[PDB]
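Peer 1: Here are the chains, one letter per residue:
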Amino acid sequence: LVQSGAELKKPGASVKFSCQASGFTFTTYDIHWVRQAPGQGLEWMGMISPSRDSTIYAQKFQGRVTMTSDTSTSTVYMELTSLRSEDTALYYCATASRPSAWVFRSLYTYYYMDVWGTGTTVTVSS
Amino acid sequence: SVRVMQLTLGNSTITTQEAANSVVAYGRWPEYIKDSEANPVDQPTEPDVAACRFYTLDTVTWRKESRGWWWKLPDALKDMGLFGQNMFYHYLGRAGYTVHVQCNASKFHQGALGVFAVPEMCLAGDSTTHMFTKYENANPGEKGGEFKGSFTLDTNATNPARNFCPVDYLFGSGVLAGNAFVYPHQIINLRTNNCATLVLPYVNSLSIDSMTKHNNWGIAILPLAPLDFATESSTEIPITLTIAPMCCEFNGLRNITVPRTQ
Amino acid sequence: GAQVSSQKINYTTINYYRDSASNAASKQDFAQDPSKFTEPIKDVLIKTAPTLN
Amino acid sequence: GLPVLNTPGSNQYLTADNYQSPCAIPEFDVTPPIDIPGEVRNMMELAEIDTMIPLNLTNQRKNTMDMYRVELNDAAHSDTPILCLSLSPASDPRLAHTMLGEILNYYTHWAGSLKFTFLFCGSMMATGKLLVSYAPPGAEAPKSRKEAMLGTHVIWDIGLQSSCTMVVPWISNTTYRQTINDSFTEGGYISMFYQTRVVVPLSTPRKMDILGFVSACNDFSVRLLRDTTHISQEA
Amino acid sequence: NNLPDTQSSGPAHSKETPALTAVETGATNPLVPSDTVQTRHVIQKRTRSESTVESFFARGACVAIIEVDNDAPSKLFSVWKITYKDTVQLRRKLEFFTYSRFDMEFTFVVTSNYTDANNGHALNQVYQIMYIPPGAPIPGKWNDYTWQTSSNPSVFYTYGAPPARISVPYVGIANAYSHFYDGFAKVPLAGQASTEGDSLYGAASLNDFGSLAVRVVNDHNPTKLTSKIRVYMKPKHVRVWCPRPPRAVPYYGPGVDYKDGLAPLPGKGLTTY
Amino acid sequence: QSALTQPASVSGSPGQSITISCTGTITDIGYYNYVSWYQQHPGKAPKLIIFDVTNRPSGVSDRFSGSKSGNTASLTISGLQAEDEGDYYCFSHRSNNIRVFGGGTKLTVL
Ligand SMILES: CCCCCCCCCCCCCCCC(=O)O
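Protein chains in written order, with my numbering: chain A, 1 to 126; chain B, 1 to 262; chain C, 1 to 53; chain D, 1 to 235; chain E, 1 to 273; chain F, 1 to 110.
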């Protein structure tokens, strides 16, 4: 079970996303963030890994975004430090739980995103 | 005496009067393919004096602030006459090399260059994407490339450079530059010698190989001691690199491969 | 068809498989040749002679 | 069936065993070898190659090309040392990252003599003399030329032949030394001093460089394989 | 094998000057202690037997950790592309040299554990390790037809047994394994577009030695069991052909690239001991 | 390049077979087997239809198939039906550990 927090609007200022999941998937699996402008297609935004307190940001948003975790209540957060008019998009929270058969490096399992949240629209306009 | 030397290979002659004693790499002179080691069945062309001759590469400028230079073989001879034409007309090619580096200065100059011959001289990239350096930058021709003092990531995602970033103390490959002396080498120390001579056999895991895809030897020149001179403004001295391919043989004649550029 | 070799007193080895990759590594062939890396010079140097440069 | 008794150590896996094993690709046609130049049969062939020492290692100079250059100058004569070293070739940080020290960090015990080879990279008009010294341990480490001249030393004259070699002899209480910086098997002290000074004429640079090299002799050996501390892999 | 004995030496006063040399030549000055100090006679009994390349490489190194599950339909089979390059120690030891040629002794150490409490217990599992040569079909499911292994080699391992062992010969298509490859797989030709002719630097063959496919042969128990197969790689009959300096900064990828840990040496003063 | 290239729209009659290509480069499709496909309808979260190359999740019908040809990949829908109308997205893994989606392909049924 994956929950997405509300829908928002403001120009310019910072916006904080919230995604809460079940305790097992919070303990074991990484959370991926995906955005989609209307009709324009999916854009990957980054990964947060509460199993090992690690995060990766995409190169388009590496200066702007920051991911955190809330270990006592199985919740992850996604904060965009500034907003632009191109950021008017539907945003997705996704959990990677379909394992690849191919061993990643030689020590790890690779997971595809197969559980997707209800999502959050954010619009950036005056 | 051992300081005076003459090298003659196919209507090219190099004379020197302040040589150190020349290096035959790994004790092995260049040789043709023996019949017990031949993989291809077709008759090789052996161009002899039309290809086995000294070609003079473009001169690089040594400065006090300069970091070092590198070249790839046979890539640096890809435009040099009938050797380059035979390389681009044939699928498989094999050559040893005689490498002559020339750097003359006065008795009042000081400085030392280490000239290193590296088999399979891989160089590190410029980005977080592994193994991403393109053909047009890894095969630069006779202009070669330069080492750099520090590593610098290419931040451009739209138009990535796909270049090398060879750090000089890391020898472009993540190994210590002081430990590069296990490669075949000479030192041009300006108080004693003005030239370095390395004779390189064909070293590969195959008896013959695709020269347009693969480079057997790299030549790296690093300033072990920087160039200095008493004039308060600046100084520059030229470095010239003269290479003769040796025991050339080529297999698999077909139409000319014109590789992509810039 | 056994192979008897001295340990430095003897030990016995029998190869049980037809493939040569199946064999154990031998305690043998300790030979060396350092001259090709340490003295790879065209004209042979003598260590007491003046190595001019 | 033959009556058999299973000894202890049955069904173990020792990572240094020398047993036979079945082949997964039987009757395979192996590609024949060719005479590639440069075949190494012992790792001590690589320790015998002279390899440049990161001697300088100060805060403005470490992890640059300036770590290998020791700066001499034509200043007036003083008995203070130019460079100092400990004979701990796997655990002195000047000597650990040489090719000798990198081979040595895969081993626990070492023995044999060492060659320290120094190259003068000044002008031809610059000449000087130097004292390269080796002090066997058990005393205060030599801080002046007057102390270091009682030890094993070579006087180098900087003439036409630009390089000098100081053979550090094998002087030890034990047959092998521990490589892990233990005081029971410490190797002693190596230092370099001006004897007279480097004399430089006019219109000649006054600062000069000396590069140092290290290599092993033919009496050198190592005997207990181990993993290095130089490499690591994070999660 | 024996080292040369130290010969006795008196004091010297001669034109013979072994101390002076020329590192510009690229020759190491081949001195002994007899050339620079007075020496006594010492019969030398040390040997270089433990420093041979066979002795240097006769150890088993962990190369892969292959996770596999026994579960109610999450990772019921796993495939690992065979390379040594993802573990740093055997990679550094091999990357002392440019070319090599060895037979290889694979060893598989299997461990397994329960992952939940309530749902009962499990019987002893059987593990299949199928070698897939490059071009043989990769399984899509754990019960695919590819596991019939009519021509693929296949080790069946019972849990609780000693670790399974496999020898493979020198399988390389060249006369030596190329640790380093200064080149490309394709040459881009003039008139090709930017989508054609590109290839990775240093890559050579993109699937050089194939892959190992691991499954649990048993049907699912009501409790999920997770198993890890550790693959241990020991070279034997080793020959090596062109020595290189060892790697000084942390590894980054299959190539020679670096990004982090570029300051390996510590700070120590010039005249401190 | 950044984003992986896809054709913008593909049209097909019922009962025919269509192929939707996805061309990347040497560092995502040409190096890794981690190539996947997604299916999206209007307002819906995307559904995974192919996860490894040639491999289907449970519940996805057998008329979806895919393959690799080196530096490019394809998704095949055989015997097209009206419920297959929608947007299809390619997915792959780049060797700098970023993930990349394709440009999408609106498939419409004639
Ligand atoms: C059931 C086990 C089967 C195992 C099959 C092993 C396939 C051959 C692996 C050879 C590895 C060679 C490593 C050197 C490669 C190089 O650096 O060129």
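Don't read these hints as lab results, they were simulated from the structure. Careful: at least some of the hints might be erroneous.
Simulated crosslink set (DSS-like; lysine-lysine; CA at most 25 angstroms straight-line) [stated by the list, open to error]:
1. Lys134(B) - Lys78(B)
2. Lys9(A) - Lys44(F)
3. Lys44(F) - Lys106(F)
4. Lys62(D) - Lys143(D)
5. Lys134(B) - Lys186(E)
6. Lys141(E) - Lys47(F)
7. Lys129(D) - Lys47(C)
8. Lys8(C) - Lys186(E)
9. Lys47(F) - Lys106(F)
10. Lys10(A) - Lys60(A)
11. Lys60(A) - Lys134(B)
12. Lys213(B) - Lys186(E)
13. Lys78(B) - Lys45(E)
14. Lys107(B) - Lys34(B)
15. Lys268(E) - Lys62(D)
16. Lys134(B) - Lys268(E)
17. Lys129(D) - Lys143(D)
18. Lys68(F) - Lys141(E)
19. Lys134(B) - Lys85(E)
20. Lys207(D) - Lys107(B)
21. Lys207(D) - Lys259(E)
22. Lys236(E) - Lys27(C)
23. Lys15(E) - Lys47(C)
24. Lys60(A) - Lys259(E)
25. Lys186(E) - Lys93(E)
26. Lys34(B) - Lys27(C)
27. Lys64(B) - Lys207(D)
28. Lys27(C) - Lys81(E)
29. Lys81(E) - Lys68(F)
30. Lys85(E) - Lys36(C)
31. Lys68(F) - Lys134(B)
32. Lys81(E) - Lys8(C)
33. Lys186(E) - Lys143(B)
Peer 1: Please go over all the hints and tell whether each is borne out by the structure.
Peer 2: To see whether the hints hold, each was checked on the structure:
1. Between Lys134(B) and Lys78(B) the CA atoms are separated by roughly 17 angstroms; this keeps the pair inside 25 angstroms, and the hint holds.
2. Distance check on the hinted pair: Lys9(A) and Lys44(F) sit about 22 angstroms apart at the alpha-carbon level, within 25 angstroms; holds.
3. Restraint check for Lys44(F) and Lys106(F): the C-alpha separation of about 15 angstroms stays at or below 25 angstroms, so the hint holds.
4. The suggested pairing of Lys62(D) with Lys143(D) holds, with an alpha-carbon distance near 24 angstroms, which does not exceed 25 angstroms.
5. A threshold of 25 angstroms between alpha carbons decides the hint, and for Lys134(B) with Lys186(E) the separation of about 11 angstroms falls inside it, so the pair holds.
6. For the proposed pair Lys141(E) and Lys47(F), the alpha carbon gap of about 20 angstroms is at most 25 angstroms, so the pair holds.
7. A distance of roughly 22 angstroms separates the Cα atoms of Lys129(D) and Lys47(C); the hinted pair therefore holds under the 25 angstroms criterion.
8. Note on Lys8(C) and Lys186(E): the hinted pairing is violated, with a Cα-Cα distance of about 52 angstroms set against a maximum of 25 angstroms.
9. About 15 angstroms separates the Cα atoms of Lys47(F) and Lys106(F), which keeps this hinted pair within 25 angstroms; it holds.
10. Between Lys10(A) and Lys60(A), the direct Cα distance comes to roughly 21 angstroms. Compliance with the 25 angstroms bound is thereby established for this hinted pair.
11. A C-alpha spacing of about 23 angstroms is found between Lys60(A) and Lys134(B), which places the hinted pair at or below 25 angstroms, so the restraint holds.
12. As the CA atoms of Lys213(B) and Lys186(E) are separated by approximately 7 angstroms, the hinted pair is consistent with the 25 angstroms bound.
13. Between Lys78(B) and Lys45(E), the direct Cα distance comes to roughly 55 angstroms. Violation of the 25 angstroms bound is thereby established for this hinted pair.
14. In summary, the hint linking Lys107(B) to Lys34(B) is not supported, as the alpha carbons are separated by about 47 angstroms, beyond the 25 angstroms threshold.
15. At most 25 angstroms may separate the alpha-carbon atoms for a hinted pair to count; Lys268(E) and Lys62(D) meet this at roughly 9 angstroms.
16. Proposed proximity of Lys134(B) and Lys268(E) is contradicted: the alpha carbons are some 40 angstroms apart, above 25 angstroms.
17. Note on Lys129(D) and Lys143(D): the hinted pairing holds, with a Cα-Cα distance of about 19 angstroms set against a maximum of 25 angstroms.
18. The hinted pair formed by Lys68(F) and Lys141(E) meets the criterion: a straight-line CA distance of about 18 angstroms does not exceed 25 angstroms.
19. Of the pairs offered as hints, the one joining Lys134(B) and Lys85(E) holds, with about 22 angstroms between alpha carbons and a cut-off of 25 angstroms not exceeded.
20. Distance restraint check for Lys207(D) and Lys107(B): the Cα-Cα separation of roughly 15 angstroms lies within the 25 angstroms cut-off, and the hinted pair is therefore satisfied.
21. Proposed proximity of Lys207(D) and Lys259(E) is contradicted: the alpha carbons are some 35 angstroms apart, above 25 angstroms.
22. Straight-line distance between C-alpha atoms of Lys236(E) and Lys27(C) comes to about 12 angstroms, which keeps the hinted pair within the 25 angstroms bound.
23. This hinted pair checks out: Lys15(E) and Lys47(C) have alpha carbons roughly 12 angstroms apart, not beyond 25 angstroms.
24. Of the supplied pair hints, the one linking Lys60(A) and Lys259(E) holds, its CA atoms being roughly 20 angstroms apart against a limit of 25 angstroms.
25. The straight-line distance between the Cα atoms of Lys186(E) and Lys93(E) is roughly 29 angstroms, outside the 25 angstroms bound, and the hint therefore fails.
26. At most 25 angstroms may separate the alpha-carbon atoms for a hinted pair to count; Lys34(B) and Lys27(C) exceed this at roughly 33 angstroms.
27. With a CA separation close to 14 angstroms, the supplied pair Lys64(B) and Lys207(D) stays within the 25 angstroms bound.
28. A distance of roughly 33 angstroms separates the Cα atoms of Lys27(C) and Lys81(E); the hinted pair therefore is violated under the 25 angstroms criterion.
29. As the CA atoms of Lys81(E) and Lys68(F) are separated by approximately 17 angstroms, the hinted pair is consistent with the 25 angstroms bound.
30. Only pairs whose Cα atoms come within 25 angstroms are accepted, and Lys85(E) paired with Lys36(C) is rejected, the gap being roughly 30 angstroms.
31. For the hint linking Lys68(F) to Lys134(B), the alpha-carbon distance of about 23 angstroms falls within 25 angstroms, and the restraint holds.
32. Distance check on the hinted pair: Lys81(E) and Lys8(C) sit about 42 angstroms apart at the alpha-carbon level, beyond 25 angstroms; violated.
33. Annotation: proposed proximity of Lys186(E) to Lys143(B) holds, straight-line Cα distance about 23 angstroms (limit 25 angstroms).
The structure shown violates the earlier hints numbered 8, 13, 14, 16, 21, 25, 26, 28, 30 and 32.
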